[PDB]
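Quick setup: one chain, the form deposited without its partner chain, written in structure tokens, and binding and motion questions come after.
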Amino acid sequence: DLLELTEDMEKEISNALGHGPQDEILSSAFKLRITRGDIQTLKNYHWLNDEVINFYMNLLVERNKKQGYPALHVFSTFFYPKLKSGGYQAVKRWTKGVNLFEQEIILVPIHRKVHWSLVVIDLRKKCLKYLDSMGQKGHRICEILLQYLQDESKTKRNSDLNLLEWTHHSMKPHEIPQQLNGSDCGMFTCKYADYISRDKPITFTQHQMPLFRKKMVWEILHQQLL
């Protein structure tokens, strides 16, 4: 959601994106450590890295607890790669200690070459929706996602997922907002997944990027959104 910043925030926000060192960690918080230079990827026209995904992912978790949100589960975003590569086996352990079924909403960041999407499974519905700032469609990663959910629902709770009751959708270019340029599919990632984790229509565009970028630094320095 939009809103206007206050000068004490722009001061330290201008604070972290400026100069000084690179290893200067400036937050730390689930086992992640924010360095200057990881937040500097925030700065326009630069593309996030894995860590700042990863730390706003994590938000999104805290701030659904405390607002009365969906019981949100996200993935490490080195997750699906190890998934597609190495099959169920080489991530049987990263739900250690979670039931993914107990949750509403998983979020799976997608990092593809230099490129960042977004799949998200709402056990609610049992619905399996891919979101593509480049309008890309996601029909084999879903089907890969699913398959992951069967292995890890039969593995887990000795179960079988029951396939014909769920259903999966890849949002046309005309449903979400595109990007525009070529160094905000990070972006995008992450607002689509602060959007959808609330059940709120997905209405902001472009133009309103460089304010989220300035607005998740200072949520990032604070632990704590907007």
Given for the second form:
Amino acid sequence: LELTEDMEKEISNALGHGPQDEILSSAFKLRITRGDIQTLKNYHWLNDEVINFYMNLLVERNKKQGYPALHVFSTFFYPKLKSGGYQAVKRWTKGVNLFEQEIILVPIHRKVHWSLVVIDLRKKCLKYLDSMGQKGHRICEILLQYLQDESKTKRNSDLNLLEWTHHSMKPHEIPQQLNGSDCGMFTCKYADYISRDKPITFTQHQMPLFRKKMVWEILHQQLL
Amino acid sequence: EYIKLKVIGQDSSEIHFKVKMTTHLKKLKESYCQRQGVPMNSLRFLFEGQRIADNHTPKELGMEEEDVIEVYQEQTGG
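In place of the form deposited without its partner chain, output the structure of the form deposited with its partner chain bound.
Starting with the chain above, the whole complex follows.
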């Protein structure tokens, strides 16, 4: 029993009935509405509002905790890149130097299900994690390619593609989801753990509580 | 009405707008929303990858003439 009797109520209210559009948390230019938080209800599919927001709390957490310099891409990044190549997203990282970062998180929205890609500048490596045991073969290539461009574009210099690699975590390596609704939570937790250089030791079984914890974490823009 | 913007969508659907740099962009969204008949919350407006808040402004975001404001649809996954 690790969730306070009071917090429970708070979490309860956010999820309960009320105006769908009612704003409940504002930050990173995002307004989380009761309608968004709803996606965290059991068996509910998470939407971009929740994810992008969580993805941001992670950066702040890492920042105030001393964990690796974390940079995060919007859930809209990959899709756009996918369709329009480098040009479409070129000005997406204008105020920043990707390569000065340490860990880059890229939320991946595949048709009907969330996935995640972690870029570790520290080890010149792209990692694709998927709680439904998919492959990031092509996805990783597209992203790496993206990097080649941003480097040659933003700092006028090729990447030594020889020292770069990309493994696709196989089902027996990371926890897989057991019900068809948590891909979002998994993407989110994978990120949480990876951004802290923490070895993934959670299972599908914790996801239900995680869901509840997240809503709290969101309302208080503070991770637990 | 100082600037003219191009609000493009995922399906290539363009829509031009003449707006007052002095004003919030919420207005521009509300009109795009109806001129399309799509609920507010089901849409997301971004400028160069940056999400456009309601009280945000053309002058704030520093949008030059004929700039594109990209529109995206809510995403969900299981």
